[PDB]
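Here are the chains, one letter per residue:
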Amino acid sequence: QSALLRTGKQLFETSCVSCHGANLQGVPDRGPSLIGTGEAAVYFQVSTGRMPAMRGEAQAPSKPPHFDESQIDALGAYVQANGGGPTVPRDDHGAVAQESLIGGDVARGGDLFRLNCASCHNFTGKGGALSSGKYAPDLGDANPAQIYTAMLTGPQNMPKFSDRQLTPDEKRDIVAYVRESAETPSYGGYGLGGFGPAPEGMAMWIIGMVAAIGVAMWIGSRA
Amino acid sequence: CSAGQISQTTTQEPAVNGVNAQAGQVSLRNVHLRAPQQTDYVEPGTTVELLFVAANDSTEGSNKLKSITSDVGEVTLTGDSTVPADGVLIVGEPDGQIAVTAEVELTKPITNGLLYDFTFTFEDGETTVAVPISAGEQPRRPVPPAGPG
Amino acid sequence: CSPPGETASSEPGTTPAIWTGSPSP
Amino acid sequence: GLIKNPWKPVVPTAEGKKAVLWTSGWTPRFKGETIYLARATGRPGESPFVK
Ligand SMILES: CCCCCCCCCCCCCCCC(=O)OC[C@H]1O[C@H](O[C@@H]2[C@H](O)[C@@H](O)[C@H](O)[C@@H](O[C@H]3O[C@H](CO)[C@@H](O)[C@H](O)[C@@H]3O)[C@@H]2OP(=O)(O)OC[C@@H](COC(=O)CCCCCCCC[C@H](C)CCCCCCCC)OC(=O)CCCCCCCCCCCCCCC)[C@@H](O)[C@@H](O)[C@@H]1O
Ligand SMILES: CCCCCCCCCCCCCCCC(=O)OC[C@H]1O[C@H](O[C@@H]2[C@H](O)[C@@H](O)[C@H](O)[C@@H](O[C@H]3O[C@H](CO)[C@@H](O)[C@H](O)[C@@H]3O)[C@@H]2OP(=O)(O)OC[C@@H](COC(=O)CCCCCCCC[C@H](C)CCCCCCCC)OC(=O)CCCCCCCCCCCCCCC)[C@@H](O)[C@@H](O)[C@@H]1O
Ligand SMILES: CC(C)=CCC/C(C)=C/CC/C(C)=C/CC/C(C)=C/CC/C(C)=C/CC/C(C)=C/CC/C(C)=C/CC/C(C)=C/CC/C(C)=C/CC1=C(C)C(=O)c2ccccc2C1=O
Ligand SMILES: CC(C)=CCC/C(C)=C/CC/C(C)=C/CC/C(C)=C/CC/C(C)=C\CC/C(C)=C/CC/C(C)=C/CC/C(C)=C/CC/C(C)=C/CC1=C(C)C(=O)c2ccccc2C1=O
Ligand SMILES: CCCCCCCCCCCCCCCC(=O)O[C@H](COC(=O)CCCCCCC[C@@H](C)CCCCCCCCC)COP(=O)(O)O[C@H]1[C@H](O)[C@H](O)[C@@H](O)[C@@H](O)[C@@H]1O
Ligand code: HEC
Ligand code: HEC
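Chains as they are written, first to last, in the UniProt record's numbering: chain C, 46 to 268; chain S, 24 to 121, 132 to 182; chain A, 21 to 45; chain L, 205 to 255.
Take the hints with a grain of salt, since some may be wrong.
Below 20 Å or equal to it, Euclidean Cα-Cα: the simulated SDA-like pairs (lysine to any residue) are [unchecked claim]:
1. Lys179/C x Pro106/C
2. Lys205/C x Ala168/S
3. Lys255/L x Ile91/S
4. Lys205/C x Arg173/S
Footprint (simulated), chain S over chain C, 3 or more residues, beta carbon under 8 Å [unchecked claim]:
5. 101-111
6. 116-127
7. 185-192
Treat the hints as calculated values from the structure; they're not laboratory data. All C-beta atoms in this analysis are idealised placements derived from N, C-alpha and C, irrespective of residue type, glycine included.
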């Protein structure tokens, strides 16, 4: 659809030329080239709100999206028309596939997540800290399509997982574990952030020991 | 500190399978070779396709692409290789593209994962890109099932 | 105390040859 | 009974038995042995490692 390509270039001319240039070649020391990135990269980077960036630092953090769903498709098509690349999965209606990307085998997805994903993030996908300034964000707000596109495209410091290294069935199973583990309630009470011993010790010192000491002063005497 | 002159988001390169090259005034983006493989080497005589995008940094004049040579075989250019003033010159049709093409006739075996030198000249530059072999949106090739051992 | 067995070199290197695979495991 | 020799050659190798710490899964058991860089499919059994 020529209207979609023209609309996407019309958004690009006013939003992305500052760091990527008019012909998507990339401005040196300001932004890389968008040739060959594909629609999947643009879709993820805009739906997550990551782009357009505002300054140069360790990582551009996530923020509310700057464009609506219709504008993301136009922006992705324009970049896709220049150099090609991976495309976001779609359902029968032509919209972005959300429910159909959920795998039916979560047990395989959990092992795959632990082997390939739980290194930068944690087991429950809460996030982690990278080398210097950089950090892996929380996975509790990403829809399955965003996770799929992140695996396809490999954001700033994330090894790209090709359709050959990770088949779509494996990718569908991986997001199934990510989506499930986000909305499963904790079984032993409050989850305490799902980080491990670090919140457990802090909660201990501030609750159990505060109550134990406070009770002791009630029972005991001063001076 | 991380927002100084040396940033980690400004030095970041493209997350694709291409090579960024500067031929004086024309920028080469996503320079890669498309070559389906079945055996460890692509035998000589197999026709492959070289794909890239040429961007003209200058917005005053035009440029034309001529004499693409490499030590892998003979490279044939078909179509209008003239890049506009402030436009692009897309050669080949990469996967996910709903007509200038580069045809390469191999004389020596090639394989995925190695780098092969290519020479790009338009009118005022002779630069080497070391073009690799990149696979597009093709699915993973089936692997024969191993026996009991 | 730098490790003696860990020194950088400027040698270019050569492309590895195709593996054959010895028989009789 | 608890004491064990760290350097007792027990691992077969192309150049005779060697100690555990000097060897690994990538150590060839004979000259010219082919060791594939197999990936983990993530599923139990049914070819967990493939070429
Ligand atoms: C005598 C003393 C002894 C007794 C003391 C013990 C008391 C214990 C108090 C708590 C008990 C609760 C029991 C029920 C548990 C429960 O059934 O809970 C359901 C679910 O709820 C949470 O789900 C959130 C959402 O519902 C999900 O939708 C959402 O996804 C999820 O988000 C996670 O997952 C996402 C991906 O999915 C990620 O994207 C995201 O990032 C994150 O990880 C959310 O979780 P989260 O943000 O963790 O917390 C959110 C919390 C907000 O915090 C909190 O309660 C904090 C407060 C308690 C925590 C413990 C203390 C810690 C101490 C501090 C760290 C101190 C540090 C300061 C430093 C100073 C010094 C240092 C130098 O809101 C609430 O619950 C509101 C409830 C408010 C309750 C208030 C208590 C009432 C007290 C009244 C007392 C009256 C008595 C008077 C008598 C006279 C998660 O827990 C889930 O696992 C869990 O399943
Ligand atoms: C009066 C009290 C205190 C007074 C202090 C106030 C003024 C101090 C002024 C300091 C200058 C600040 C400049 C800010 C802007 C800035 O930062 O821009 C510089 C650039 O630099 C880095 O690029 C380097 C190059 O320019 C690149 O070309 C190159 O590539 C790159 O190389 C890396 O990268 C390559 C890959 O590209 C790798 O190949 C390569 O190996 C390497 O890794 C280079 O990096 P690198 O050498 O790391 O140097 C980084 C910065 C370093 O910054 C800093 O000052 C860091 C902060 C130091 C401040 C000291 C702390 C104070 C102590 C406490 C407060 C004490 C408390 C008091 C107690 C109580 C009171 C009781 C008395 O150097 C400098 O600025 C010059 C240093 C001079 C500073 C002098 C101060 C020293 C202390 C003296 C104290 C005397 C006291 C005695 C009293 C009697 C990158 O970051 C760039 O992005 C960045 O842009
Ligand atoms: C008092 C003392 C330690 C004396 C030792 C003297 C001596 C012989 C020294 C030589 C030996 C050396 C070199 C020791 C160095 C220290 C060291 C490495 C010790 C190893 C083990 C050891 C002996 C530990 C002692 C720890 C200790 C005495 C702690 C005192 C803390 C107290 C008294 C707290 C009560 C007050 C109170 C209710 C405060 C509110 C609660 C809070 C916020 C407490 C702070 C806090 C603490 C204390 C955590 O441990 C913690 C762990 C994980 C997450 C969070 C927290 C946290 O927030
Ligand atoms: C050795 C080491 C790691 C230190 C270097 C890092 C460092 C500098 C520590 C401080 C980090 C901070 C506070 C940075 C933010 C900017 C800031 C305001 C700092 C300085 C400001 C300043 C000088 C004064 C302002 C007023 C003041 C002095 C008070 C600060 C109040 C605060 C918030 C202090 C706490 C800081 C701190 C390091 C505590 C962390 C507590 C821990 C270990 C908890 C871990 C934890 C986690 C991670 C959960 O996810 C969780 C989920 C659900 C329930 C519980 C928890 C939980 O407890
Ligand atoms: C003249 C020689 C003896 C000196 C005389 C004085 C005796 C002092 C203590 C020594 C008594 C221990 C007897 C060791 C036995 C022996 O002769 O074995 C030889 C063991 O190598 C050696 O000669 C080395 C000698 C002992 C060194 C001990 C290592 C040092 C300390 C640090 C060890 C840690 C212990 C924990 C305390 C430290 C905590 C401090 C806070 C060969 O090993 P091997 O035979 O392969 O292993 C077999 C298994 O397979 C089989 O299951 C079975 O376990 C055995 O049959 C075993 O031998
Ligand atoms: C360290 C190299 C990582 C590995 C291993 C994995 N991820 Fe990652 N992730 C990493 C970074 C640095 C970022 C943000 C990059 C940026 O430009 O901001 C991410 C982001 C994601 C997201 C987006 C979440 C959101 O924006 O809400 C998802 C959904 C995600 N990553 C998924 C994911 C999966 C499935 C992984 C295993 C295949 C995985 N990550 C590994 C760093 C790293
Ligand atoms: C300067 C502030 C920029 C603006 C304006 C835009 N982008 Fe950007 N982009 C910028 C940087 C520094 C980087 C590399 C590291 C990073 O922060 O992401 C990028 C990268 C992208 C990518 C991914 C490239 C890859 O190889 O995966 C995409 C898909 C992308 N940018 C798209 C994009 C869009 C749609 C923009 C307009 C909303 C846009 N960028 C503006 C910096 C900057």
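Results for each hint:
1. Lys179/C x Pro106/C: Roughly 10 Å separates the two Cα atoms, so the pair holds.
2. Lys205/C x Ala168/S: Between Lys205/C and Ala168/S the Cα gap is close to 13 Å, so the pair holds against 20 Å.
3. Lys255/L x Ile91/S: 37 Å, violated
4. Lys205/C x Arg173/S: Satisfied, since the Cα-Cα distance of roughly 15 Å is no more than 20 Å.
5. 101-111: holds (count 5)
6. 116-127: holds (count 3)
7. 185-192: That given contact is violated, which follows from only 0 residues of the stretch 185-192 of chain C lying within Cβ reach (below 8 Å) of chain S.
Violated hints, in rising order: 3 and 7; the structure is consistent with all others.
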